[PDB]
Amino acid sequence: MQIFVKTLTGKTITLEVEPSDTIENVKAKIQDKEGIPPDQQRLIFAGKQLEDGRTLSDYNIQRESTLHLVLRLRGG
């Protein structure tokens, strides 16, 4: 399915995903498109920060959903 990822600068990234994809898998797909390391990414959906380890299905993220990408400093 397709989902959309919006940056804070108003660009939309289109991603091809499956419900069983982990949040880490999604961050890797964003890295492919944007060059941003997963460790510098926060994804927000429906008010919640998406946790590494969980899947899209864990957050009831369906086809055509928009996630929001917020950058972070890499944690040490």
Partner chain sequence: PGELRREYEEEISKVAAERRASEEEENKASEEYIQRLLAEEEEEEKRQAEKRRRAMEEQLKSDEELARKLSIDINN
Contents of the next structure:
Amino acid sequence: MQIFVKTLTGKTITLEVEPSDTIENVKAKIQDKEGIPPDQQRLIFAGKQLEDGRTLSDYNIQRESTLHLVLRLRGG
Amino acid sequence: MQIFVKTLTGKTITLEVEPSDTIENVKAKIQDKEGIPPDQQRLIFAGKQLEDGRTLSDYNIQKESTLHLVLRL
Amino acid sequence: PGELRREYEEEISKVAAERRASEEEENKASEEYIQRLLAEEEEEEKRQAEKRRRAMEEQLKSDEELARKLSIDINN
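Moving on from the form solved without its partner chain, kindly provide the form solved in complex with its partner chain as a structure.
Below: every chain and molecule of the assembly, starting with the one above.
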């Protein structure tokens, strides 16, 4: 299925994922596509920061859902 | 986390630290590397001497920051 | 895609320049303080040196007056 990852600058990535994929697999797919290390990524959907171990189905993330990506680039 | 300590003799020391380490604990790590007793060490960061009781996070000393080591009498 | 990558690389370059500026500002502030501290310690030892300096010259002036008295006495 397709989900979207939107940054606060309005730029949007499209990812093909499975409902059983963990959030860590999602951050890995973002690194494979954008070169952003997972330790710099934070993902938000439906008012929650997403935990790496949980699956997309755990957070009720279905097709065409849009996640918000936040980068930790300062202080770390 | 890693920080650096620059001496007045031109040597830079590398220390593995956590943000909650006290300055005295940092002085202890310098003793492990150089044999300099902690009571003889003055550490300086951002133009000020650091107090033994305070932690690195209290001074907002982040990763790869450079401390300045000046020895006493 | 590419544009999300370009925005990340720009922000990484921006953070790196911000860290070099703080590293330079920190080093400039510390070296100025150290140079001030070393000058104060050098000045303090000079004043201790001059205190011993006039102490010994006072002792020499006292020894000269005694030497003069002894020379007049023993030379018959």
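Under this definition, the rigid core comprises the largest set of C-alpha atoms superposing within 1.5 Å between the forms. Positions refer to the first chain, counted from 1. Residues that one form lacks are left out of the comparison.
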item: Consecutive-residue runs (3+) with Cα displacement of 2 Å or more between the two forms, core aligned; value: 73-76
